[PDB]
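As a plain string of letters, each chain reads:
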Amino acid sequence: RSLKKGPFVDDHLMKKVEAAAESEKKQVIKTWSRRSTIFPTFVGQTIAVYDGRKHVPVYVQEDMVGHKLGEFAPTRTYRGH
Amino acid sequence: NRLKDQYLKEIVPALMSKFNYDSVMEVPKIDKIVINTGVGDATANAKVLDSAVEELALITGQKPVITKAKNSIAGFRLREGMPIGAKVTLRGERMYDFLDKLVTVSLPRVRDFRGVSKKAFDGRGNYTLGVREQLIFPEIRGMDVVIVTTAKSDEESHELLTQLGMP
Amino acid sequence: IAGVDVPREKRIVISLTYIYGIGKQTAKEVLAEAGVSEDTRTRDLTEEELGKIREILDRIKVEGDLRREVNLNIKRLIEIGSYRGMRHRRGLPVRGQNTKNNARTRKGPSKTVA
Amino acid sequence: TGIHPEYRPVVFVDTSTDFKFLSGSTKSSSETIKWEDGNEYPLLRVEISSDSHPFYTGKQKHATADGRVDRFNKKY
Amino acid sequence: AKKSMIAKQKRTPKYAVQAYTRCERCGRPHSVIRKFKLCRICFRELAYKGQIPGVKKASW
RNA sequence: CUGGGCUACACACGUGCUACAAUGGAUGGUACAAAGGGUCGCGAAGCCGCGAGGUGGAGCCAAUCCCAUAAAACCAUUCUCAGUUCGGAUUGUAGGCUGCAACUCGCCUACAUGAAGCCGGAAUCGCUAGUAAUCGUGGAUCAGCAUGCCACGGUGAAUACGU
Ligand SMILES: [Mg+2]
Ligand SMILES: [Zn+2]
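Chains s, F, m, 3 and n, in that order, give the protein sequences. End of the first sequence sits at 83 in the deposited numbering; the numbers just go up one at a time, nothing left out. Just so we're aligned: the second sequence equals residues 2 to 141, 150 to 176 in the deposited numbering. End of the third sequence sits at 117 in the deposited numbering; the numbers just go up one at a time, nothing left out. End of the fourth sequence sits at 78 in the deposited numbering; the numbers just go up one at a time, nothing left out. End of the fifth sequence sits at 61 in the deposited numbering; the numbers just go up one at a time, nothing left out.
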């Protein structure tokens with residue numbers, strides 16, 4: 003939702019990120035929602051974003067906020083041509 | 002003058018009561034500071050050396066003395082007498098002043114300043130700070154900031170530097 | 004004069020544009036607010052509103068910070084680990100356009116065959 | 003003498019809590035404040051000092067502009 | 002994998018955007034004309050016979 | 001069924017679009033076409049935002065209402081042969097619209113940046129009159145997305161000895 007009435011955080015990931023306050027961020031969250039904007043509450047938690055082949059763990063920082071939780075797991079793997 | 006005032010007014014008796022020294026001058030005290038830049042990447046460049054010269058002069062207030070290469074080593078195409086790296090020493094009244102400008106203006110500007118562990122001591126007391134950029138300086150690559158103290162060991166240095174307020 | 008020896012011959016509307024951060028449009032609002040007319044050549048300014056012109060530019064961003072601000076943001080995403088900055092680092096189109104042909108300005112001039 | 007570049011002890015204050023710190027540098031600071039008549043050095047604009055830094059004395063979540071604060075000011 | 006598809010298209014998809022169109026005499030998904038709901042190569046071989054009322058070859 | 005790819009990039013080829021400027025760029029005023037599309041659609045007036053747009057609901061199953069300002073051309077002022085007031089790619093920020101959703105992977109707006117390029121070697125293409133050249137408009141496909149495609153009109157030539 004790039005309009006004035008956003009943003010889009012999927013109902014699946016948002017609920018799981020909230021309840022991860024008990025585990026002291028020790029546990030990981032594995033969700034395939036490559037389309038949820040990283041809310042400020044996500045900071046400190048880890049998400050196991052999907053990438054077509056296998057999950058790739060990302061550690062949400064302070065500066066990652068504002069971007070979509072899939073902007074850090076490249077989906078096509080190219081090396082040295 | 003403020004740092005010397007705080008040190009002699011309160012820090013000296015604090016250390017004395019912490020360790021129950023015999024006389025007054027057995028208390029560890031800051032002795033010297035050495036500022037090294039280590040521009041060994043200047044294998045053939047010249048303006049890099051000069052630029053570091055005015056950079057360190059502005060940071061300090063004195064002209065740095067670039068150091069000739071200690072020996073000629075082929076792995077870095079280094080030849081004898083090649084001026085590599087710079088050194089500046091602040092002694093006397095500059096010692097607290099540079100420290101203050103660092104800790105109240107320069108150090109707080111560090112983005113993720115979580116300090117260095119107590120493990121980074123030589124075992125005698127002299128502490129080296131490895132700063133990562135020149136933009137942290139209030140006026141404007151990697152380098153090191155050492156501190157020379159009259160401390161006989163490391164823990165006393167740790168307590169006195171914490172008395173100065175920094176980790 | 005205002006930060007760089009902006010051309011003497013050119014009219015002020017054009018001349019301001021040589022500042023990094025002033026184009027055809029922002030320059031127009033500056034000269035409207037200050038009061039200077041648009042068609043003055045710079046060699047014959049009043050030198051009194053010239054003090055007023057630089058008074059306005061004090062408020063607006065100029066070549067000093069805009070040069071660093073753009074670089075201080077391209078150097079942020081290149082460190083976090085974004086795809087957008089990953090393209091920056093290896094010299095490829097940032098925005099999502101194609102690269103089978105016709106990507107040379109980012110990629111650099113066309114190297115010979117390989 | 004002569005070689006040493008220009009230097010001047012000056013006056014610093016924290017812009018957040020007026021934590022005045024008397025120090026020195028080579029910068030003009032383009033100021034003149036009559037604090038402590040006879041040593042009316044130029045003040046220098048600075049960020050929040052270690053006198054109020056979060057990691058230093060009082061830990062607190064403070065947004066250093068942009069990042070987490072730009073959202074809170076448009077989505078709310 | 003065709004007769005499975007022609008079934009899917011007649012089943013309402015989860016979100017209304019997925020809905021799409023196909024010819025009926027064929028399953029061809031490309032080049033369907035909305036007024037007749039027929040593909041581009043049923044509308045041809047059928048308007049010859051004279052069963053699409055009102056349609057004829059257009060000289061000009 | 002979710003997620004990814006068909007949209008990758010050392011490079012080679014084909015079809016096109018915008019250019020290198022004064023017969024031009026920028027600003028202001030201003031006259032003239034046709035063919036088309038519209039009922040789970042077309043959506044005016046007024047008001048707001050510089051803008052993309054928002055709100056609003058008039059009229060219409062249409063020779064009745066709507067899309068819908070035609071742009072070139074024309075008349076004024078200005079710039080003065082310059083890598084520029086040409087050119088617009090690349091890039092940063094802040095936004096608008098559709099849709100459960102715009103990171104891979106959309107179109108558009110404003111401010112900023114402002115690259116190559118100064119008529120293009122070998123060789124190659126189209127065109128015989130409302131034709132070439134040049135400027136806009138409509139439609140299918142379609143929630144949204146064309147520099148392609150299919151149609152429409154506005155201004156409008158030079159040359160054709162001869163096989
Ligand atoms: Mg569809
Ligand atoms: Zn068919």
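Since the hints were derived computationally from the structure, they do not count as laboratory data. The C-beta atom is built at its ideal place from N, Cα and C for all residues, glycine as well. One should not assume that every hint holds.
As the list claims (entries may be wrong) - Stretch-level coverage of chain 3 by chain F, calculated; a stretch enters the list once three of its residues show a Cβ under 8 Å from a Cβ in chain F:
id : region
1  : 27–39
2  : 42–55
Unchecked claim - Have a look at the derived ranges for each label pair, beta carbon to beta carbon:
id : chain 1 : residue 1 : chain 2 : residue 2 : range
3  : F       : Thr159    : m       : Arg62     : 50 to 56 Å
4  : m       : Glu36     : F       : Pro84     : 51 to 57 Å
5  : m       : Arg70     : F       : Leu130    : 29 to 35 Å
6  : 3       : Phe57     : s       : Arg3      : 45 to 51 Å
7  : 3       : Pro56     : m       : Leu75     : 20 to 26 Å
8  : 3       : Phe57     : F       : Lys33     : 27 to 33 Å
9  : 3       : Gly4      : F       : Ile141    : 19 to 25 Å
10 : 3       : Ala65     : F       : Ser73     : 35 to 41 Å
11 : n       : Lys36     : m       : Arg109    : 44 to 50 Å
12 : n       : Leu47     : s       : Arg36     : 24 to 30 Å
13 : m       : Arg109    : F       : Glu164    : 53 to 59 Å
14 : F       : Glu164    : 3       : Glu38     : 33 to 39 Å
15 : F       : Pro14     : 3       : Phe57     : 37 to 43 Å
Claimed, not checked - Every beta carbon over 12 Å from chain F, so not counted as near; a handful from chain 3, in silico:
id : residue
16 : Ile5
17 : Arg10
18 : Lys22
19 : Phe23
20 : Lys63
21 : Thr66
22 : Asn75
Exercise for the section: Go ahead and decide if the range 29 to 35 Å is satisfied by the Cβ distance of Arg70 (chain m) to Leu130 (chain F). Expected result: Because 30 Å falls inside the window, the suggested range holds.
Handout entry: Satisfaction of the hinted span 35 to 41 Å by the C-beta atoms belonging to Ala65 (chain 3) and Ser73 (chain F)
Key = Violated: the Cβ-Cβ distance is about 53 Å, outside 35 to 41 Å.
Handout entry: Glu36 (chain m) versus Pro84 (chain F) beta-carbon gap, inside 51 to 57 Å or not
Key = Distance hint for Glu36 (chain m), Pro84 (chain F) holds at roughly 54 Å.
Practice task
Confirm or reject the claim that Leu47 (chain n) and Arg36 (chain s) have a C-beta distance inside 24 to 30 Å.
Solution key: violated, 45 Å
Handout entry: Range hint compliance [Cβ, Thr159 (chain F) to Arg62 (chain m), 50 to 56 Å]
Key = holds, 53 Å
Handout entry: Within 8 Å of chain F's CB atoms, at least three CB atoms from the region 27–39 of chain 3: coverage verdict
Key = holds (count 3)
Exercise for the section: Would you check whether the claim that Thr66 (chain 3) is not at the interface survives, using Cβ distances to chain F and the 12 Å cut-off? Expected result: violated, 8 Å
Exercise for the section: For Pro56 (chain 3) and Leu75 (chain m), compare the CB-CB distance with the range 20 to 26 Å and indicate the outcome. Expected result: Cβ of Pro56 (chain 3) to Cβ of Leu75 (chain m): about 22 Å, so the range 20 to 26 Å holds.
Practice task
Confirm or reject the claim that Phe57 (chain 3) and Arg3 (chain s) have a C-beta distance inside 45 to 51 Å.
Solution key: With a Cβ separation near 36 Å, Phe57 (chain 3) and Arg3 (chain s) fall outside 45 to 51 Å, so the hint is violated.
Problem - Interface exclusion of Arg10 (chain 3) relative to chain F, criterion Cβ beyond 12 Å - result: At roughly 9 Å from the nearest Cβ of chain F, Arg10 (chain 3) sits no farther out than 12 Å, so the non-interface label is violated.
Handout entry: Given as non-interface: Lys63 (chain 3), which should sit over 12 Å from chain F by C-beta
Key = Nearest chain F Cβ is 15 Å from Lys63 (chain 3), so the label holds.
Exercise for the section: Classify the label on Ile5 (chain 3) as holds or violated, using whether its beta-carbon is more than 12 Å from each beta-carbon of chain F. Expected result: violated, 4 Å
Of the numbered hints stated above, those contradicted by the structure are hints 6, 10, 12, 15, 16, 17, 18, 19, 21, listed in ascending order.
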